[PDB]
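**Q** Chain by chain, the residues:
Number of protein chains: 4
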Amino acid sequence: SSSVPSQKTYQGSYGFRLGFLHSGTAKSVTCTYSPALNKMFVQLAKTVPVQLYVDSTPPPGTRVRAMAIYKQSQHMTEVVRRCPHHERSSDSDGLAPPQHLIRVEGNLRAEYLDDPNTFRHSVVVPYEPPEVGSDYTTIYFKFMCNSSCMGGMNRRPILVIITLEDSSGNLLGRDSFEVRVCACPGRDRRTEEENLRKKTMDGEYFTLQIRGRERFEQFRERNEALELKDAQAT
Amino acid sequence: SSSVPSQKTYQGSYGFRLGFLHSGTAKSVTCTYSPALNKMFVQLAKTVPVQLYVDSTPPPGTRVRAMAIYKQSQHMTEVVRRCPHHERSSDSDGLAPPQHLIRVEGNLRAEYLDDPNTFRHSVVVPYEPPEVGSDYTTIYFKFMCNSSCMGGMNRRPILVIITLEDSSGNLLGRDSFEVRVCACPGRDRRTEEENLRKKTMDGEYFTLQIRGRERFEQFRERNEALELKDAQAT
Amino acid sequence: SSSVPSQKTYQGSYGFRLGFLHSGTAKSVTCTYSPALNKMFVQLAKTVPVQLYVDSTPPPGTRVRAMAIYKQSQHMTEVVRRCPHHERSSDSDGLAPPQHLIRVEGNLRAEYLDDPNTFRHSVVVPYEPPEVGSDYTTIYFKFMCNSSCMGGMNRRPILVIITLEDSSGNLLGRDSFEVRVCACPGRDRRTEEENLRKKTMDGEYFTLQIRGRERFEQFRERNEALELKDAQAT
Amino acid sequence: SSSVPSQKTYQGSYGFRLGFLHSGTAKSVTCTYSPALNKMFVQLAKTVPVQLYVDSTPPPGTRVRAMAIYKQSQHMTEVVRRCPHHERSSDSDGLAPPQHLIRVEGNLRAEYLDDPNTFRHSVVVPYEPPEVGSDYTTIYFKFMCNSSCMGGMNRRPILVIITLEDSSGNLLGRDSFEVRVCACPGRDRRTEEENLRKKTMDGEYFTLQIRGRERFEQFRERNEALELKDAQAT
DNA sequence: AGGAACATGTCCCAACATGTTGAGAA
DNA sequence: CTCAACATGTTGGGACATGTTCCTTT
Ligand SMILES: [Zn+2]
Ligand SMILES: [Zn+2]
Ligand SMILES: [Zn+2]
Ligand SMILES: [Zn+2]
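Those protein sequence lines, which keep their order, are chains C, A, D and B. Note that the first sequence covers residues 94 to 291, 321 to 356 in PDB author numbering. Note that the second sequence covers residues 94 to 291, 321 to 356 in PDB author numbering. Note that the third sequence covers residues 94 to 291, 321 to 356 in PDB author numbering. Note that the fourth sequence covers residues 94 to 291, 321 to 356 in PDB author numbering.
FYI, nobody ran anything at the bench for these hints, they're computed from the structure. Don't take each hint at face value.
Far from chain D, by Cβ distances over 10 Å, these chain B residues were calculated [what the hints assert, rightly or not]:
(1) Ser106
(2) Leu130
(3) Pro177
(4) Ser261
Facing chain C, according to a computed beta carbon distance under 7 Å, are these residues of chain A, among others [claimed, not checked]:
(5) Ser94
(6) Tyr103
(7) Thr170
(8) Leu264
Taking CB as the label site, the calculated pair distances span [to be verified]:
(9) B:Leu348 with A:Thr322: 56 to 62 Å
(10) C:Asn131 with B:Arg333: 54 to 60 Å
(11) A:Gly108 with C:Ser99: 44 to 50 Å
(12) B:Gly226 with D:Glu221: 20 to 26 Å
(13) A:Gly334 with B:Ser182: 55 to 61 Å
(14) A:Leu130 with B:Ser182: 32 to 38 Å
Beta carbons are placed, not taken as given, at the ideal position from N, Cα and C, and that holds for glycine.
Working from the sequences, and respecting the hints, build out all of it.
**A** Dropping the structure here:
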């Protein structure tokens, strides 16, 4: 009640920042990212690949930490955790405590923390350099609850904070993205981007006609992302 | 689960890449390759010839490893293995462990690895130069499970990664192709190449509103570029 | 797992049976009963009045027990309990254990049992005679979970069994009705009674062949005979 | 070893037979019996009990055997067990061996064991006299595998031998019915009755037009019910 | 407080998917 | 060694299910 985890973006000296795959919005997609809202839509307990980018390799012993907080200010001080139901269910993973919302997949060096003061949960992993011929590293997350789970997130939007820190635990970089765990990411995603379009519509716009639905959605995706970089330029 | 090995193409210092041009005559193969999908269609336990291309002769001790991973991101962290039924089968030649999906044929120097940290399976063979009169080295594989095997791949599409490495295991080159092990390769290939065609024969147009003159310029050219390349499907 | 308690109607020596005729005025109830389904629609934790009818006054020590079981046979063996979230709620009045779904209201003699052999839950109260001027005894229930509560009933229809017994617990009578705890009782009732109607109004003509002259007569004396008795919408 | 037991409808002095609740060819189900085929279509691990009926209720202690045997004149020797895949799947129920096809939940009297010589699988339960306020008995059946699982029944038909046997285990009854555990008991059921009735249909056949998809099923829940009561040619 | 208008998890079933079997082609 | 017909588990997404928000109403 006297300290909330900072969510201010910060590239730092290593140009740290995140990247995500490109997905559709079909009623079959299990995970899909919206550059228009910097928000990930994923089904319960399904893999969420997050790409980590760097301009220069960080010092030895650098770790990456994932932590979730509530987006709305009236809930910001409330620790995000699993609901009574899903909490009362153990998984093959004997590493992550049954109360943690975020898990890391395929990494036995992962470590789950319960802050003794803030009581906030978080999972940390060693920073690994990109594979030879690659420009980024990628971590695979999982969210063990539906944003709607009663007794848990209870329909409250959450934000995921990814920090890059050194052996001492000092901040080296930080980025973030919103998350919504739901039954149909495709549907929910289309709905939100649809409500966003019918809003910031004002001014002089050039018109480009595109052939094909897939090609169009890519062009539209790259377009809405650019309109975001401007949304907060001043 | 287990971390995901890189699947990014990397020709490296030797311009490493794969080829799939092996006639039907001589060792009448029942498999077939589709360049339109970069996917091979083969039957369970049947020879699959793959061509290795390199610009200059690699150093002494170079090897060639083969590893299979699940294509879809929600399965990428799961290790690709054989199904219980086929695993306990006696189709084992001794050299290859009963749990490996990928096998090398006609090479007694092949070594099968069951990683102790990533739990991933793979098979390695010493790199061999092309035959006198050829500019490529052939290698023969065998897939011990149907892509549909329950308990196994379970109808989940897989991707085979071929990496070139030095005696130590350092990456020198990498390439890959999709694989589907079925009972009727010819059929399944027609169907999939057919579904691919229908996907690029839909003439529906969409309009996009672009803000900023320069931006429009960039997007337009991007489109004209894809446009002046649409007329070639004949 | 747990054996399934009998749900067969048995009026017994006292002609025991239930009734659901309680006006809206006085204790304005938000629940509603559908005789066309013998199913009660009520909201979470809201009073549900039920009438007890008997031909002759029962012996001293007679009690009335209430037990809920899942309707569908594939769930019948699962004990009906509250969900984790609502179970840890503070809506507990003390008398009733936090895990019980069914509660008795306005009766401090009510006893809650958590069977040590069947693990089934139930609540009992001493049988009380009708009020001067009435031929039925009223009892008030409270359902502490929504039929949709995950971790709990999980959208699975339940059935409430009311049994009349002697001081020892021997069966003297039994009756029952279905129950659905939802947020909008009125709506859900209309929908279900509506789906019931459409089920008994289909107007598509199909064909049926027979291989006899006698037996045919029976299915002949009923066919063009049921299409007559329809003095409801004509 | 021995051989395959009888399956000739032999009620005996005590008489014996069973029954199944209402089951329509509607694909809106998870199980259904086709009297015109004597085949119990049911999904995987979905409880599907059968009614116990007996005129002269045998002496307490008597038991009802239930076994599975292939109806094909070549596999009748092979024991009916679970596929290698599902075998790994160790269900919570430790009462039934993780290799037995049949199960019976919510019944401590459940008996499971491997034959000492032939090494067969069987389940036996004590004939519980119709309890207070009833007239018959009901046991909860299951099938932990599909009739198509490879490494198991492998697309091979089976019969559930239900013979009432005294405490000792001496013959007393003999009833039976074929089973086809699948994923679509509805479709599958009709896809058989079709080709079934497709044969032998030349002669005097009256007509009858029934209006009402449900009524049609009602005139079928009796007419066809007499195709086993009137059709006594053999 | 009764009730459209959301918000959001499940279900239905016609495709679709895919190993079998078998008769015919070169 | 190719197709046609089957035999059979899985899927895609519109329809349905179901708690929540908030204006209009006694
Ligand atoms: Zn939850
Ligand atoms: Zn297999
Ligand atoms: Zn609840
Ligand atoms: Zn099986």
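**Q** If you check each hint against the structure, which ones fail?
**A** none
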